[PDB]
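**Q** Residue-level listing of the chains:
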Amino acid sequence: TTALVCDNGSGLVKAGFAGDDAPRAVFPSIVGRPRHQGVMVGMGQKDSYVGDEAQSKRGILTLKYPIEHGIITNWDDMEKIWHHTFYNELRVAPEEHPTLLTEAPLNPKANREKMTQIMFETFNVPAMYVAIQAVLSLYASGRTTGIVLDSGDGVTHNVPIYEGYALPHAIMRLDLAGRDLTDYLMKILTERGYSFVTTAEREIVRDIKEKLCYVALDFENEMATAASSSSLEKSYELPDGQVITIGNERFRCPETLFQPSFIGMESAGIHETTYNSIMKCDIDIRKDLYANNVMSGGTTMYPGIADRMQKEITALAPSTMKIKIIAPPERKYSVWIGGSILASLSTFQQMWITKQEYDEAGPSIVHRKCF
Amino acid sequence: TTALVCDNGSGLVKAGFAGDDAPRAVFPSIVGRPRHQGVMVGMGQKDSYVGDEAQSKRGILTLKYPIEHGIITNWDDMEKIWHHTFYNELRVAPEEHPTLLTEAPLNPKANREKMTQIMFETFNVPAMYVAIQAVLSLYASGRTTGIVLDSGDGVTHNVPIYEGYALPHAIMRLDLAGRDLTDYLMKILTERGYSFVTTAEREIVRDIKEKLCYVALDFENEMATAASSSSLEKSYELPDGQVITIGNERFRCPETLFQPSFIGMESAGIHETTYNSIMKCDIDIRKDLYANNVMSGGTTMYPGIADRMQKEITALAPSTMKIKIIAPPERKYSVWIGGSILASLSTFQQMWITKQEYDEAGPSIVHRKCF
Amino acid sequence: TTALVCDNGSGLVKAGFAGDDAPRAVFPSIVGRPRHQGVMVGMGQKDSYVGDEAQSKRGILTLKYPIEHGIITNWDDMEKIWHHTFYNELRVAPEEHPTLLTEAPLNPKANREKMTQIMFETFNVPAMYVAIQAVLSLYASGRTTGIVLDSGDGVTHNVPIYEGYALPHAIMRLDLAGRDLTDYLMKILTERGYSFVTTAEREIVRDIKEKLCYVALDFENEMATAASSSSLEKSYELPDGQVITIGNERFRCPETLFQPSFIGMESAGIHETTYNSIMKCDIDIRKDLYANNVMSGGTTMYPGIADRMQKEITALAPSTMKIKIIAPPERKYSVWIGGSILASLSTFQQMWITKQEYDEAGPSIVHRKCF
Amino acid sequence: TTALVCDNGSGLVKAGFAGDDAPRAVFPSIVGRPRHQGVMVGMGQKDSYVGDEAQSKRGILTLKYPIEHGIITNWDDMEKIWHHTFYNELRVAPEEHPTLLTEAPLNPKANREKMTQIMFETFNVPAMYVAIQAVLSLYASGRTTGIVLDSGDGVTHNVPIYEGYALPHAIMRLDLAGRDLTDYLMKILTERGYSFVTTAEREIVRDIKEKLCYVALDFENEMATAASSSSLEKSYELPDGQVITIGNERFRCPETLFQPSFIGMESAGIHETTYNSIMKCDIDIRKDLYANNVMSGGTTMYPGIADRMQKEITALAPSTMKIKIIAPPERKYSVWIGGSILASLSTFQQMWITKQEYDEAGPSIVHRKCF
Amino acid sequence: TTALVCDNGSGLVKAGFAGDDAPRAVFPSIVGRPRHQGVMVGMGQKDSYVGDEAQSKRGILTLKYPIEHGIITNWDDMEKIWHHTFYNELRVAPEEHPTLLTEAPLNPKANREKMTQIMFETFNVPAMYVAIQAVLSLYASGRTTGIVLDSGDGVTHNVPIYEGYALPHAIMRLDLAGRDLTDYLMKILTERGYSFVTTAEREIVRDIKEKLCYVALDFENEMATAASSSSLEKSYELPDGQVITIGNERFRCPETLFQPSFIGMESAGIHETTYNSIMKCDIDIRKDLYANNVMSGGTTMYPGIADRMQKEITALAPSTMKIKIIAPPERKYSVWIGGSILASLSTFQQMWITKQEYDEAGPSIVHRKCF
Ligand SMILES: Nc1ncnc2c1ncn2[C@@H]1O[C@H](COP(=O)(O)OP(=O)(O)O)[C@@H](O)[C@H]1O
Ligand SMILES: Nc1ncnc2c1ncn2[C@@H]1O[C@H](COP(=O)(O)OP(=O)(O)O)[C@@H](O)[C@H]1O
Ligand SMILES: Nc1ncnc2c1ncn2[C@@H]1O[C@H](COP(=O)(O)OP(=O)(O)O)[C@@H](O)[C@H]1O
Ligand SMILES: Nc1ncnc2c1ncn2[C@@H]1O[C@H](COP(=O)(O)OP(=O)(O)O)[C@@H](O)[C@H]1O
Ligand SMILES: Nc1ncnc2c1ncn2[C@@H]1O[C@H](COP(=O)(O)OP(=O)(O)O)[C@@H](O)[C@H]1O
Ligand SMILES: [Mg+2]
Ligand SMILES: [Mg+2]
Ligand SMILES: [Mg+2]
Ligand SMILES: [Mg+2]
Ligand SMILES: [Mg+2]
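Protein chains in written order, with the UniProt record's numbering: chain A, 7 to 377; chain B, 7 to 377; chain C, 7 to 377; chain D, 7 to 377; chain E, 7 to 377.
Note that these hints are calculated values from the structure, not bench results.
We put the CB at the ideal spot given by N, CA and C, even for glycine.
Among these hints, one or two may not hold up.
Cross-link-like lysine to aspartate or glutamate pairs, in silico, DMTMM-like; alpha carbons within 20 Å at most [stated by the list, open to error]:
1. B:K120 / B:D82
2. C:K286 / A:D246
3. C:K286 / A:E74
4. B:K293 / A:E209
One side only, chain C facing chain B, incomplete, derived with CB under 10 Å [claimed, not checked]:
5. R179
6. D181
7. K193
8. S201
9. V203
10. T262
11. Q265
12. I269
13. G270
Covered stretches of chain B (in silico footprint by chain A; criterion: 3 or more residues with CB under 8 Å from a CB of chain A, positions within the stretch not fixed) [as the list claims (entries may be wrong)]:
14. 170-176
15. 281-293
16. 304-313
This is chain A alone, in the form it adopts within the complex:
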């Protein structure tokens, strides 16, 4: 009777039963296939490797991500990832359990049909739903009013919610995300002669960004000091014993989120879209949203991001308005934790799209029960 809260994270798939408080599995969404012929006969080899397998065989595999900007580009890759998720990681047969998926808002409608038909006719789920990720993030705080800024592996979006009403004219989609910051980090490391090229090495640079990067409060003073304050510089080890030394490159990376023109992006910075979504609201409610500005998603984990956000938005919003950036701990899981709560809420049983209803309407039925 418990729901399977699944997910379609662009980076990490997340899964675990409702009523639990932490996800049971987290693993990268990678499909990999061998690049060279097997020559030691009888390995018990496989045609393809997924999850942890592909982070270990990482020297001999072509790696693909089947998700780009939240749009699934290859359904035969994407179908294998789920076929692994149910049968091997959770080890639970899906035809007993209602399955709750998620996606970003403002997606090409054809994706919502494909996921529905795969669930109803490969896996034969009893029922399905398709929630909108930012809405689930808000239940983690137990609030009912706030602007959500959510920034995953592959997209950033804003959704203002007031009194449990969404304002669908105000949503912003901003295609700037951790995958872009990683691809930019490869170019500034090349200034020091370290060279990375392959998909096997992208997965090594990403381990730097999770450990040594932090956000400066006054980037101009910081970068002027970094010319002399050698105490900034830090050292890290590759898999082989090759040492790496890192300097002002520690913070020129996450500075991209506040000045996307560094990666040549035309779209405004994350605070300028956070502000400009409030300006779409009726001139009453603005006072309430400045008190409930909630952040989620892993690309807000960098130490000091909340302190920067407050100082930036204080320059835009008028004075006498107080601003309260609510950036709680564990915000790397809120989108999943909120999923666990909602799937347990007694009233939601009205919304399960039945198998019988799809056979009469055809796939388009899921356009009737969303924004």
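Once you've looked at the hints, dock chains B, C, D and E with the ligands against the given chain A.
**A** Chains B, C, D and E with the ligands only, in chain A's frame:
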């Protein structure tokens, strides 16, 4: 139903049925022909002598090796050696039994056709295969990951294998081998006035190198000590009672493998090619290869070679990486023992090149089933 | 008052005054040192040989290239090459003349300081600049809009230029070049038993590739025909009278640029990076770049490369878009000819980095006047 | 002696001498500035581009419109546009000629002073006037009684005129216009996965709306049919050969003008404000206005708009009253053509605001000679 | 200040001051001692006879050569020969003059110490050197590149020199020489019944070989003709009037150098070692050595040897390579003439091994200053 594991060693032919644990015959690959006319009539003489015959008649024969650098230079000599191997040493008719041969990698393709056509139309074998020697060496340890350094009578090569995948872009062929060390030992012995010239005497110098030579750990301190430490010097007897005295010449011979410029060779030493083959690998797997660095071939039998290898490669590879030179005993037979195992492995029955398949494709078929 | 257009080619150094139309000197960038002791006393020997000297003494020298992938690895070798270039080949004192250098984009910044400090304090140049090679190539056609594909001895890169604006977010660096094709040609020649090993012999294989190789338009039909059409095969002489015969090896070499997986490279082929650099551009300008697709660098000299390029990119770009591969003659010098023009253009006198400006800023000044 | 009929269109500036019958120049009101540094030296570049220049360089420019909702937001941008208009497009010196401007009614009075002072002291015009756009539209029909519905790029308004008297208590200003319809078209195209983001791409979507959109007479039956009648769907080409397919999106765009709640606008539809302006009139004259309901402005060019207007207003106005929507051809220029006539009418010479009169009154004088 | 160019010829000692152009003394290296008791009292007899004395008393002496294969076997005999050379033939005291000796390469090192200690402590020379004979031969032609084939009384060797660098990995030592040809001539003369046995008679057969032997160009046709062409046969007188008649024995002697299997030698003929030394060289330089193939030593004086050499090596070396056997006149002295030049060359004064340096290092010092 058992396979004949044959071989094409440059020095010693090795043969014996699969499922046995030691080769039944080992003898030098020499064809010899008389240099002078028979004058005591009625000896029951022969036109040519092969194997043990030629190591005994060694005063009256012209000796030839039909193998140079793993490339067979004379097919009519080479065909006699096998004609001896089956009918007289194993005393088994070959037209019952699948025959497994070996060769070094990176060979002129014409050799692989000649061996195939001789097997199919002189001996009329039922089936054939052509394995790559270094790959077979790895089964002797029962490993599935490692760098193999194999150095026979006539060639040295490296092959890194990861997860049962070979990396054909990384293979090194190095034409420095025991035959060169023997031809160099003849020149430094001449410093003491002992004189050897003929092919009958090359086979006597080789008996020195197998008995009195050893590898110094600190060649500069060793050679500086050898000027005074008379306890280094050793004595040995020729076939006649002529005594020989040997001194710093005990170790200046195997020092050649680490400094080929002594024989004027331009190519780097065996550890520098062992290292530089790892540097062709993707920056993930290096950590695994430093733990599985396996040696085989008779020119690694010298006492103390493994201890030298470790100290040399520790200077090249970064610290904090542990290095484990796995130089097991009996490594003079691993290439054959691994052959016995592989020919018994149940899955290999898919690979036997049938007689029927050669008559349709022609000799080129064997280019389709190798690197 | 005329500029010295120097260069840092990975293969051939090129030099000659501005306002001339062809370079006065071209010679390989090799430093060589003797491998054996001089024994005929009184030769008038030298410690080291550079340029033409080392292509003649080619049997007794260790040869090094001081340039790898456009990154200078040894400054004491590299300083000798220039010390030869000014004083012996041009026979002109450099302290009169402004000196214009070049380098590939996306290089470790430390190299740009070293070259600057050597010019200001060994040679005492009056002024210096550091242009970006692909930008100079475009002046040879007198165009102001186009995508440049430039592929020298040691690196390949793409730079789209529109209306005289570079788009620094779109540049591709691809480390696949003639030096890799030569090292691959040594392995497929070994199939026929010809053996080359030493740096003296690499400089002989390279003479084959410049003379007998050509690009097939339909590699699958060509290779299927080459099994029977003996009229493909060609013969060539080594320095000694040893004849060589070459067959399908004529074209399997330059096929590498379109399928780098043959040398096991993961990066896409030169047309796939040429295409994928256009896809970084704003959806307006693509129509203009398909009309101005200019090639330069010696590794585009092979007969028939332009005809292959057009047929390949026509499969990627949509129809109704016309494609015009502009592959003019003399494209082996465009990067130098464009240098001669730019150094004569009246407005460039604003950009000469003065000696006085370096003494105040220190070496970092050259980071202020580039991409 | 002829007047310069200039204009302040929100989208297209329009200019041409009085007594001509068609405007001599029409070009977008855009100022653009380069986004990246010039790197091909000596282009003859400019700091800023205006008019046709900016529709061609459209891949490298930041574009701004200096007009929003008829309120000029930046006077230094706006002053350049006119500086281009006189000296380069008309190529006529303005200090000879009386200049007639226009603006929407109900504007912040400060704008009317700024335009006046710029004309008197930068350009030194001999005289000026400031007509109200909807009043000029009526002379194109040669009528003297009618309700005008005028809907330009940036504002919509209604003005009833009876017997040449305006009724200033009845004017409606409605801030819904083509710029809003374009920004809404970007969101429904994203349903099909086509993505546009930048100001360079807004100017491409606008080319769709001028070509494929039309107004349905019975939107509910049309949209119900569009689920099956594939003959609705149409195809169009981007600048690159990318084909686009469009379906019910052809007509859901201009449906916004009749149901602004689709874009979440609270204000009533254009017919409901057209009706509710008549209800402000004295209960005599209504019969006359239903016979002279004249439309102008480009956002009434869509095929079939007049037929929809008649059926809508027939539901509001009582029966037995006949309704006659007068939607003539060329209504894209009436506001300019009527300007040409009025500036030639002999009696208007009483109204030219003299230079002498401004120096005595100060800028406020223009509040004395309007509504 | 002039050097004493001495020598250690196996057959003829050669001596004469530097700066002279011909040796002042040449005499056989023989020590002889009486075989019978003196019985005519008061002859003024001597215990031993050396040089010309022993060629005259040749009927009553035991003769010994103290040199065998270039290795001195008896130092008390060898010390007398020099004691004669200085005090009686040159009549010059050696303690004034630097003394230059020679030896063959590849000799037992103990010989180089013995000669050094005898020179420093019996004769008390001021300085010494030990040159390598084949290197001195090359100065006679004034060349700096060539392969030297040198074949004295007691050894044959090859040394390729390129650009004044020797290639110590390529040297061949071949122990086939005039002393062997003389001992073979004694056996074929015995076919005609002439009998020689004693050391007194060996010195008579040697006078035949210097006068009647010549090399056939086509030995098979020559020997077939010699069965009938009596005009071949020649006659010669012994010391007594005994006439000797010689026929095909004129040329079957020097034919041994091209087919050593006639004397049962296993080693290849002098042209096969001359060729096979070139094949040790890097594949560049071979073209240069075929143009500078210089011969020296008395066993190349036979009429027609050069014409045979060219026809033989033309069969081995590929065509299109030209071959130029440089066999100049006076080649019986080149090894001495080149000694006279080198000892006069101004730079050689750096190499004289001082007396002071030997007393510190001990005898081993001379291993430091040679190959
Ligand atoms: N400790 C960390 N510090 C900073 N960033 C992190 C850290 N751990 C993970 N990340 C970033 O989190 C991203 C994944 O965000 P996530 O919210 O999981 O996206 P999704 O849920 O859509 O997979 C990774 O791409 C990585 O860049
Ligand atoms: N006891 C020993 N110590 C050192 N070297 C040995 C010993 N026995 C044999 N060898 C060397 O082993 C070489 C043969 O190596 P091997 O692996 O048999 O080559 P292959 O297998 O190709 O014939 C011989 O040439 C000899 O130099
Ligand atoms: N005739 C030719 N045909 C094909 N390739 C050539 C020819 N001549 C030279 N090359 C190639 O040109 C390369 C040098 O390219 P180049 O543009 O000179 O590089 P760089 O300018 O950086 O030295 C050489 O490595 C060689 O492989
Ligand atoms: N052929 C067409 N069909 C429909 N709309 C059009 C067409 N041509 C132009 N438009 C619209 O006309 C608008 C401009 O209206 P216009 O009356 O020129 O405003 P202004 O005069 O204030 O610039 C443009 O924004 C565009 O949306
Ligand atoms: N006229 C000649 N023709 C052929 N051979 C000669 C002649 N004169 C001398 N010889 C040979 O020259 C040999 C001596 O060679 P030589 O170069 O003097 O040796 P070395 O210099 O070491 O004494 C003698 O043994 C003799 O056989
Ligand atoms: Mg996420
Ligand atoms: Mg072996
Ligand atoms: Mg170049
Ligand atoms: Mg208008
Ligand atoms: Mg001699």
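**Q** Against each hint, give a clear statement of whether it holds in the structure.
**A** Now for the hints, and whether the structure bears them out:
no., hint, verdict
1, B:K120 / B:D82, "12 Å, holds"
2, C:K286 / A:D246, "34 Å, violated"
3, C:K286 / A:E74, "16 Å, holds"
4, B:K293 / A:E209, "17 Å, holds"
5, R179, "18 Å, violated"
6, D181, "14 Å, violated"
7, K193, "7 Å, holds"
8, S201, "8 Å, holds"
9, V203, "6 Å, holds"
10, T262, "12 Å, violated"
11, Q265, "14 Å, violated"
12, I269, "7 Å, holds"
13, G270, "4 Å, holds"
14, 170-176, "holds (count 5)"
15, 281-293, "holds (count 7)"
16, 304-313, "violated (count 0)"
Against the hints set out earlier in the document, violations occur for numbers 2, 5, 6, 10, 11, 16.
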